[PDB]
Amino acid sequence: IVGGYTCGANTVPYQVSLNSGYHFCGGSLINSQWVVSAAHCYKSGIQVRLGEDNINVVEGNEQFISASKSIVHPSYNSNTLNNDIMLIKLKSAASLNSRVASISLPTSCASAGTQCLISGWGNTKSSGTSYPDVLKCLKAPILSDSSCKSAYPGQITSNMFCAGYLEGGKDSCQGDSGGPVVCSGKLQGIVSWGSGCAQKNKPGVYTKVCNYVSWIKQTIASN
Amino acid sequence: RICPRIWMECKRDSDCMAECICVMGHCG
Ligand SMILES: [Ca+2]
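Each protein sequence line maps, in turn, to chains E and I.
Numbering-wise, the first sequence is residues 16 to 34, 37 to 67, 69 to 125, 127 to 130, 132 to 183, 184A, 184 to 187, 188A, 188 to 204, 209 to 217, 219 to 220, 221A, 221 to 245 according to the authors' numbering.
Numbering of the second sequence is given in the authors' numbering, commencing with residue 301 and proceeding in unit increments.
It is possible that some hints are incorrect.
Which chain E residues face chain I? A few, computed with CB under 8 Å, are given here [claimed, not checked]:
(1) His40
(2) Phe41
(3) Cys42
(4) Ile83
(5) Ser84
(6) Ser86
(7) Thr149
(8) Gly187
(9) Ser190
(10) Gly193
(11) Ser214
(12) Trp215
(13) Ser217
Please keep in mind that the hints were generated in silico from the structure rather than gathered at the bench.
Backbone N, C-alpha and C define an ideal beta-carbon position, used for all residues, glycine too.
Construct all of the structure, not just a fragment, from the sequences and the given hints.
Dropping the structure here:
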């Protein structure tokens, strides 16, 4: 997250870290046995880490559970990143408590102008590199459809939305993929892609979760 | 360009995903 602040230990209880020997993507806990992340984050042998703040230090509230299976969306396109969503089933159910909790699925799509919360352990610099040890947070509004398409001509589909600032300076970044965009207590987005990080007129692009609610509900209940 | 926000190490541009490039050892 570039231009953000520090969330505070366990204040974003649904945030998880996908680990393959190292943190590479984020995710969102939707129920005791399921996590939603981005399809481009797929890897075999993923270990999900819940209740984390400082990813380097063991603080006592962590839960490390292996992924039992990963379902990539049937129409995911790795070239265009269309339908960039994936479901990960945990090998064992996570113990829910004050530090580990699920986030609600939306009933309707969010409108332009709505303030959302984006979080992750990704790069904190637009130029260069700096990876945080503690979870970072960013408050950003959903941008209008027109703004998004003009920023990325011919690259925005109906399953994507832009969130951020056209002035640049604040945005999600590498290492934030698969993480949550929560608006009004509901999971509206998934960190997906962008052109650089926090660049002028180049806001982040997120997977529009409201278009996948029935698919998610069906999958979770059938596996 | 289209560059996924996944953390990934690299030795050359070709190691990265989609239109991401290897900027000093990290895809971006
Ligand atoms: Ca830790």
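Hints, verified against the model:
For E:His40, the shortest C-beta to C-beta distance to chain I is roughly 7 Å, which falls under 8 Å, so the interface hint holds. Annotation: E:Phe41 was flagged as interfacial toward chain I, and the flag holds, the nearest CB pair being 5 Å apart, inside 8 Å. The criterion of a C-beta within 8 Å of any C-beta in chain I is met by E:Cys42, whose closest approach is roughly 6 Å, and the hint holds. Among the interface hints, the one on E:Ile83 is violated; its C-beta lies about 21 Å from the nearest C-beta in chain I, farther than the 8 Å criterion.
For E:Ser84, the interface hint is violated, the least distance from its beta-carbon to any beta-carbon of chain I being 20 Å, above 8 Å. Interface hint status for E:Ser86: violated, as the beta-carbon distance to the closest one in chain I is roughly 22 Å, over 8 Å. Checking E:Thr149 against chain I by beta carbon gives a least distance of about 6 Å; that is within 8 Å, so the hint holds. Annotation: E:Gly187 was flagged as interfacial toward chain I, and the flag is violated, the nearest CB pair being 15 Å apart, outside 8 Å.
Restraint check, E:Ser190 versus chain I: the minimum CB separation of about 6 Å is within 8 Å; hint holds. Annotation: E:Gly193 was flagged as interfacial toward chain I, and the flag holds, the nearest CB pair being 4 Å apart, inside 8 Å. Contact between E:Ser214 and chain I, as hinted, is supported at the beta carbon level, the nearest pair being about 7 Å apart and thus within 8 Å. The beta carbon of E:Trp215 comes within 5 Å of a beta carbon in chain I, closer than 8 Å, and the hint placing it at the interface holds.
Because the smallest distance between the Cβ of E:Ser217 and any Cβ of chain I comes to about 5 Å, under 8 Å, the interface hint for this residue holds.
Of the numbered hints listed earlier, those contradicted by the structure are 4, 5, 6 and 8.
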